[PDB]
Amino acid sequence: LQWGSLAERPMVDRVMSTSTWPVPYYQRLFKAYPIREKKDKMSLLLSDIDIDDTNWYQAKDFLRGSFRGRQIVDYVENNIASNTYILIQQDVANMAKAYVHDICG
Amino acid sequence: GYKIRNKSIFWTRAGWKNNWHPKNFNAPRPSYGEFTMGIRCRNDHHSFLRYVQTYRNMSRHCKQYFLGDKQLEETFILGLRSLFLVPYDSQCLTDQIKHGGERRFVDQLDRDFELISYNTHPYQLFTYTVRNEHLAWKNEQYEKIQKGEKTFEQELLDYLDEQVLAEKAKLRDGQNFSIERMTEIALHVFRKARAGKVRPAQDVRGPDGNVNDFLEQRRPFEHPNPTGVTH
Amino acid sequence: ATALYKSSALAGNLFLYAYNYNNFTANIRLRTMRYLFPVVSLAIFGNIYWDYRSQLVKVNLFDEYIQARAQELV
Amino acid sequence: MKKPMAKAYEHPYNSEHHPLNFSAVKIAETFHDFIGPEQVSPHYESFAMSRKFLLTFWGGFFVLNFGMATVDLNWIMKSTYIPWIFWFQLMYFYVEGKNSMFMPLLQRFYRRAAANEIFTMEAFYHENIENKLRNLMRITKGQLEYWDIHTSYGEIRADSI
Amino acid sequence: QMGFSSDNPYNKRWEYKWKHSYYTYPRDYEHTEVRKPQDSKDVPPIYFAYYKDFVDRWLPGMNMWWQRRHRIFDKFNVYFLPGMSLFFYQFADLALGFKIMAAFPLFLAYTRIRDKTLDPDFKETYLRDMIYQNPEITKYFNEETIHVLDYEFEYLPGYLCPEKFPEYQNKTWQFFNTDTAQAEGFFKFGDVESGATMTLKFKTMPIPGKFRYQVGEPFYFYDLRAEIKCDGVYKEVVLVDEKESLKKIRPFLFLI
Amino acid sequence: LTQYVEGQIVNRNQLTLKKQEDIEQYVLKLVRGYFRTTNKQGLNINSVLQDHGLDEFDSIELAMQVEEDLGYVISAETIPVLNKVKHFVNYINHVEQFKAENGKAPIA
Ligand SMILES: CCCCCCCCCCCCCCCCCC(=O)OC[C@H](COP(=O)([O-])OCC(O)COP(=O)([O-])OC[C@@H](COC(=O)CCCCCCCCCCCCCCCCC)OC(=O)CCCCCCCCCCCCCCCCC)OC(=O)CCCCCCCCCCCCCCCCC
Ligand SMILES: CCCCCCCCCCCCCCCCCC(=O)OC[C@H](COP(=O)([O-])OCC(O)COP(=O)([O-])OC[C@@H](COC(=O)CCCCCCCCCCCCCCCCC)OC(=O)CCCCCCCCCCCCCCCCC)OC(=O)CCCCCCCCCCCCCCCCC
Ligand SMILES: CCCCCCCCCCCCCCCCCC(=O)OC[C@H](COP(=O)([O-])OCC(O)COP(=O)([O-])OC[C@@H](COC(=O)CCCCCCCCCCCCCCCCC)OC(=O)CCCCCCCCCCCCCCCCC)OC(=O)CCCCCCCCCCCCCCCCC
Ligand SMILES: CCCCCCCCCCCCCCCCCC(=O)OC[C@H](COP(=O)([O-])OCC(O)COP(=O)([O-])OC[C@@H](COC(=O)CCCCCCCCCCCCCCCCC)OC(=O)CCCCCCCCCCCCCCCCC)OC(=O)CCCCCCCCCCCCCCCCC
Ligand SMILES: CCCCCCCCCCCCCCCCCC(=O)OC[C@H](COP(=O)([O-])OCC[N+](C)(C)C)OC(=O)CCCCCCCCCCCCCCCCC
Ligand SMILES: Nc1ncnc2c1ncn2[C@@H]1O[C@H](COP(=O)(O)OP(=O)(O)OP(=O)(O)O)[C@@H](O)[C@H]1O
Ligand SMILES: [Mg+2]
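Chains as they are written, first to last, in the deposited numbering: chain s, 22 to 126; chain h, 38 to 268; chain m, 75 to 148; chain b, 62 to 222; chain g, 31 to 286; chain q, 45 to 152.
Hint data in this document are derived by calculation from the structure and do not stem from the laboratory. Note that CB positions come from ideal geometry on N, CA and C, so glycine has one too. Be aware that one or more of the hints could be misleading.
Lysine-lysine pairs mimicking DSSO-like chemistry, simulated, CA-CA at most 30 Å apart [what the hints assert, rightly or not]:
| no. | chain 1 | residue 1 | chain 2 | residue 2 |
| --- | --- | --- | --- | --- |
| 1 | g | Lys231 | q | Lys143 |
| 2 | q | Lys143 | q | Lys73 |
| 3 | h | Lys184 | b | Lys64 |
Residues from chain b that face chain s, not an exhaustive set, calculated with beta carbons under 8 Å [to be verified]:
| no. | residue |
| --- | --- |
| 4 | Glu90 |
| 5 | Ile96 |
| 6 | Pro98 |
| 7 | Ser102 |
| 8 | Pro103 |
| 9 | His104 |
| 10 | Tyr105 |
| 11 | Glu106 |
| 12 | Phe108 |
| 13 | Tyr142 |
| 14 | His211 |
| 15 | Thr212 |
| 16 | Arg218 |
Just chain s, with the same shape it has in the complex:
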């Protein structure tokens, strides 16, 4: 399928219009909305919500679509001693100690 030039932008951004005299007096009040259809656009409510359960749930959903992702999901839900799937890294204790146990060889 055709993609055009990556360096260029859509033509809507490049098209322009200029004014002249006389000019229509009318000032637009609202944007026209003749047909109530807003498909394929995500809700703007999903703006500044903090991290929560939906993040690790949707992560597994997209990870399970790949071979490597399926291995990560099954390993984490089985062989990781954590009281929550909302993993937050605030220290490198588990990272550094996992390196000293491997770099000895």
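Following the hints, position chains h, m, b, g and q with the ligands against chain s.
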């Protein structure tokens, strides 16, 4: 952008940002056994068990219309918990509500379950509509894959994978291909792909690459302006 | 003309229910309209037909008297 | 790719044109379908200012039309005198007199000032929400710094040996 | 036995206590498992809310009165109150005061029937506070790990043995009361932490307290016994023994 | 007796454990099958559900699944005390003992 300048915006007669016990004249006052003859009170200690049963009811009565969709059942549970965890996480001191916050929230959820038992709750109708549009889009991707065809999502990923290789083959001085750089590459493709949906790609020019589309256009003869005058 | 208008206004209520059937039937907030609409509709029909039926009886009583009384006077 | 489900549940009493539940949103759509869309004028002057002479004719035509039809216009004027005096002397203070006499009664002004500030917040909705996300993007990027360290551990172990 | 009982399967011992904020009743009774969309009937039939209130509020309330109809068949409710109402009903047209004097004994009869037919409700928070103070019970049971397997509590019919309770051989009291207002039941408990079970049997009776005319406690446990069963240990705990309790306090003998 | 599974009507089957070793295996499979459970292999008989990402509301969903598999009718008063794997095993034992002694299901 714009901040509220009034420093007393959150002040109430009951304190700062107090939405649990607004100050009124008929304030709660204690009762003494020795001096009380009779009393008419509706408060009891049944809200905890009613909170547990309401969850079991709202959860089970909603799964009746999920048709065994396992991913929808787990999504609904996460959404149902966000509705029951409101009193535990809110800024409002729900343990200091005027006449018992536990009773108030339990009676509020019972009104929700009553609508749930009739399959008329707006959360239910919203779930059916959202899931049907999602399954229609997944069935479209499945029917294209069964035909050996490439999906629109797979073509974007393969196109994004090759642009990263091109941008990193010229990035030798630096070697940190940050997530910021990856994002603006994908967003630029997205804007051109989004504009390509309303104006598809005919030639090498690509999606929305025709200047003639933005010349003066008129409504077709078989579809005039239905709502207003044209001249 | 009165009986025909009130019959059409009653039929207008039947259209208003049919146009809004799904809400009157499934939304429990409109249960009282669903339950008592036919009771009011029957009471409305009862008044329309009662007046027509009573007027019809009086016209027939009037017509049969003037004919019988006229032959006695002849 | 697993075969997804054919369809979810379809409610037998909910449609887009006849929604089962009620809200002001659906009433808003039916309202603007009734009054129609904004009647955009393509001209350079408004209709009233371009026809002031002609509108003055029809305005006076209908005044004379009512005046020629109303033979007893003097009886209507006299019958209107008492209610005109009564309702204006009774409601003068609450409408206009309050602005320079005993009490201001600024209740209606407080609602305008609150709406003017809300109008301004909506005007800067993009800037305010973008500043809120920048702090969340800062926290998210701070958590992604750990995966960048582990990816280089293999290079460190290779050169360390 | 619980007098108020609907076709609802869950929480039988709380059905009369729980006051739901429902406008009307749920379409179906509480499901015991996930069902199919075709299992339930969409858009329940017309006049469904009126039918539900009759079978979930009216009908179980009448079954409560019928189950305990033997507690209201006293000579006061049967002969005296209706006989008094008929005496003044013969002069109901003479003045308004006769209509009131003929209707008051009817309202008084309803109130005695209404209170006597309710389920016997003891102060359960007093009971759990009493069993959690015993060291032999707290060894195997705790509030956070205890669960109820069976509950029974019902009034005792007729007058009891006229040697253990001579109080009820009173002709003046028998004119108003046909039963003894005492109740008896048990509690099947289990502990999910220790794996132990016990049957908490109890007998109650109304007692006077601290005052001349008012009853002190309508349900005073004068006999409270626990048959604790464990893995291989069977213990029998006696919280309140009736031989020691009946020598100190006597029943109240409700009138009216 | 039938339920929808991924859009297909499948007859639901019931289990009868009547053995201590089978109850422990069922509860572990039950808790591991829950999508919110963390550290599924670290789960044992003495595992607190709180240590595996489960709260009071997750115990209700687990109790709801026990009613589906075993046909129990668990009251709302019993659910909030099921906070460990051992609690589910002992409760199932108490229900089987109650029906074997009293010939009826416990009060719901
Ligand atoms: C300045 C001019 C002055 C001139 C005077 C006249 C002014 C004009 C009046 C116009 C208003 C009346 C319209 C009459 C029909 C006109 C054609 C038309 O509707 O426009 C084209 C219309 C399209 O509308 P549109 O504007 O192009 O776009 C619609 C929008 O997209 C959105 O689609 P939508 O479907 O949502 O839109 C609905 C649309 C159109 O919806 C309709 O389908 C119109 C239906 C109107 C029926 C009115 C009640 C009649 C009841 C039936 C009686 C039948 C008796 C038969 C007897 C023998 C058989 C047993 O709007 C209406 O509903 C108009 C109704 C007006 C309110 C009437 C309510 C009266 C209650 C108050 C009482 C007042 C007393 C007077 C009552 C008079 C009664 C006679 O065409 C259609 O709708 C096709 C419909 C095909 C299926 C219908 C099959 C028949 C079903 C009938 C209903 C059965 C109900 C139960 C039976 C009750 C009796 C037993
Ligand atoms: C058989 C022989 C007889 C039949 C022969 C045929 C004759 C047919 C006659 C019809 C004539 C052709 C119709 C053309 C349209 C109507 C004429 C017109 O001026 O509309 C343009 C004018 C706007 O035209 P535009 O310049 O393109 O608008 C630009 C801006 O958007 C506008 O807003 P802006 O603020 O952005 O710009 C400034 C704006 C500033 O002006 C305004 O904005 C006006 C502010 C008033 C709105 C405040 C709220 C009050 C109204 C609320 C809603 C009330 C109605 C609904 C509630 C009740 C429901 C029944 O416009 C102006 O510069 C001045 C406007 C014109 C001068 C003042 C007009 C006074 C007379 C017209 C109103 C009549 C009221 C009723 C009296 C009649 C007794 C029933 O429309 C209006 O202002 C409202 C009138 C809407 C039509 C209703 C009246 C129709 C019949 C009028 C006939 C001539 C007057 C006769 C009585 C004179 C008494 C002194
Ligand atoms: C407890 C309330 C008063 C009760 C007294 C009886 C009623 C008042 C009659 C006389 C009115 C003069 C006072 C102006 C009151 C204006 C209040 C007002 O209109 O609301 C504005 C207010 C917001 O507008 P605003 O502009 O911010 O108000 C500030 C004013 O503009 C002005 O700003 P401000 O900060 O200066 O206002 C503070 C307020 C301070 O008020 C207080 O703090 C109350 C005083 C403490 C309590 C004393 C009463 C003790 C009662 C117990 C004893 C009773 C014994 C009875 C027998 C025993 C029975 C057992 O007013 C005063 O300062 C009063 C001092 C008067 C100055 C006198 C100077 C000498 C004048 C000599 C010439 C007099 C010519 C007068 C001509 C004839 C009159 C037109 O709206 C509301 O608050 C809505 C909620 C309503 C509040 C509760 C109801 C109070 C009555 C409101 C009227 C009805 C509203 C509800 C319907 C609304 C439509 C659906
Ligand atoms: C065309 C189609 C439509 C037709 C519609 C018309 C047809 C309607 C039919 C109505 C008749 C059938 C309904 C009742 C069937 C029950 C049959 C039965 O076998 O039940 C036995 C059954 C015993 O069950 P069990 O436990 O198996 O028995 C085991 C042993 O046998 C237990 O051994 P035990 O030793 O413990 O004995 C227990 C037994 C003891 O039974 C007795 O000893 C009999 C005592 C009856 C006394 C009645 C007279 C009271 C006054 C006498 C005073 C005399 C001395 C003073 C004289 C002063 C003179 C001024 O207790 C009772 O059963 C008596 C309960 C209360 C009855 C008295 C109600 C007084 C109402 C007064 C107004 C009467 C108006 C009548 C209508 C006439 C005007 C229109 O008892 C019941 O089921 C009770 C049912 C509920 C009570 C119904 C009584 C009426 C309540 C409605 C309240 C409104 C009353 C009317 C007021 C109207 C004006 C405001
Ligand atoms: C003399 C001839 C008969 C005279 C006419 C008698 C008419 C009696 C019925 C009309 C009056 C009813 C009162 C309505 C207001 C109270 C509603 C109510 O009852 O709530 C129940 C209430 C329900 O309890 P509740 O209202 O406190 O709430 C329950 C608590 N929660 C919500 C937590 C569950 O129960 C009772 O009050 C006790 C039973 C009262 C029985 C009512 C009258 C039954 C009479 C039976 C007559 C049968 C013969 C006639 C018919 C035969 C067939 C044709
Ligand atoms: N201290 C109190 N203050 C105000 N009202 C009260 C108080 N105690 C009870 N009430 C009201 O009287 C009703 C009866 O109280 P009661 O103790 O019998 O309830 P209960 O559920 O049986 O308690 P328990 O579980 O201990 O047996 C209550 O529902 C309540 O509305
Ligand atoms: Mg009690």
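Task: Structure versus earlier hints, numbers of those that do not hold, lowest first - done: 5, 12, 13, 15
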